[PDB]
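Participant: What follows is the residue order along each chain.
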Amino acid sequence: XXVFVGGXX
Amino acid sequence: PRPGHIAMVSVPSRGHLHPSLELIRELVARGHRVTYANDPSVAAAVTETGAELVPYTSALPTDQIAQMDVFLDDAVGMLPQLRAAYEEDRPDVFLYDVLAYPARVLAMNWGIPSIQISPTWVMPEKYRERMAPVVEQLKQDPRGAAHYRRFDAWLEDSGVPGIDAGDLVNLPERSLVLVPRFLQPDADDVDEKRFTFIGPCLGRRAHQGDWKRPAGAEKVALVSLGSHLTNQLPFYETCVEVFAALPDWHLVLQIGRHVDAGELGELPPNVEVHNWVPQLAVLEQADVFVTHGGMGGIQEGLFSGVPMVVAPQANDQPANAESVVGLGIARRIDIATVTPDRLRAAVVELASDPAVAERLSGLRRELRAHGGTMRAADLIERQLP
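In order, the protein sequence lines correspond to chains E and A.
Using PDB author numbering, you'd call the opening residue of the first sequence number 2 and step up by one each time.
For the second sequence, the residue numbers in PDB author numbering are 2 to 62, 72 to 395.
For the record, the hints were derived by calculation from the structure and aren't laboratory data.
Yeah, the Cβ is synthetic: ideal placement off N, Cα and C, and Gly gets one too.
One side only, chain A facing chain E, incomplete, derived with CB under 8 angstroms: (1) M141; (2) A142; (3) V144; (4) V145; (5) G176; (6) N180; (7) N325; (8) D326.
Make the full structure from the sequences, and use the hints.
Facilitator: Next up, the structure:
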């Protein structure tokens with residue numbers, strides 16, 4: 002997700 | 002065990018193909034029937050593995075919410091294609107890359123076990139809480155709130171309403187993490203009942219040509235920012251500026267397929283420039299390696315025992331830069347603000363430090379000890395009937 006968002010893409 | 006049908010699913014994005022090729026090749030070599038679902042654009046890599054290519058059309062190819079919408083589009087498109095391909099040919103187990111999580115939804119529908127294949131470090135159920143403010147702020151945006159609603163609707167429409175959109179994707183039932191534990195941030199919070207640190211899955215040298223150190227060059231440096239968007243000519247000019255005035259050193263500068271524009275007058279005799287190089291061959295003779303810090307390059311540096319100067323940019327890279335620096339085998343720089351003396355100091359100091367060389371030898375022994383291809387294949391076979 003860009004930076005790794007973890008709670009989604 | 003008995004033969005059995007193993008289905009691998011991945012995506013055409015470049016960081017999601019190479020990590021598992023040797024694993025798939027090993028499963029094929031063990032006599033199993035392996036099918037590999039991926040976009041036809043990577044049919045060469047899939048078929049070279051020996052698995053049966055199962056083609057599906059990927060939706061993966072300038073905004074953060076838009077990037078999430080592209081991924082959700084790919085998930086919505088992938089699942090019916092996977093369902094159609096495997097409806098009458100259901101596998102004994104589904105193996106899926108992190109971005110191929112619709113295969114898990116399919117596995118849940120059919121009561122088939124699934125195993126995630128992660129090409130980089132995972133986000134433990136403690137990493138996610140630190141990101142909870144970012145997620146909530148995204149949900150305040152109408153675009154973000156619309157995205158998470160569509161995601162939840164896709165889960166409900168696909169027959170998995172009981173699972174959260176985060177847990178699906180980032181909390182797999184079983185996961186093979188293709189990195190060593192020392193490259194996983196916060197390895198403490200990773201439940202190893204669920205995630206197994208395998209390290210890289212290797213299977214003998216890839217060849218691709220041999221590279222011999224030019225006679226008269228005492229030290230060799232490789233500069234390769236191998237994260238697709240290698241569009242930094244000003245940094246490349248700093249690198250030649252550094253290694254020109256750095257005799258006894260030979261620079262191998264890999265600029266990427268997108269450039270080769272405006273080099274020098276034939277370049278200093280120190281520098282040799284390529285659009286692509288046999289990276290493992292050059293690292294065999296390298297004394298330092300300058301990379302973005304992608305997981306592929308870092309593991310290749312570790313395997314070759316080559317110290318690294320890391321210039322993180324993309325989402326994965328900042329943590330990877332921290333890990334190798336924390337291991338005492340790397341120096342971190344910023345391409346925007348790096349100086350010719352600053353870049354040169356990291357290069358010359360890293361290559362000459364004997365303690366750095368000793369730590370690399372230790373990391374090489376630690377690296378192989380995670381089990382690699384054979385352990386990953388053995389764990390997958392435990393899921394077969």
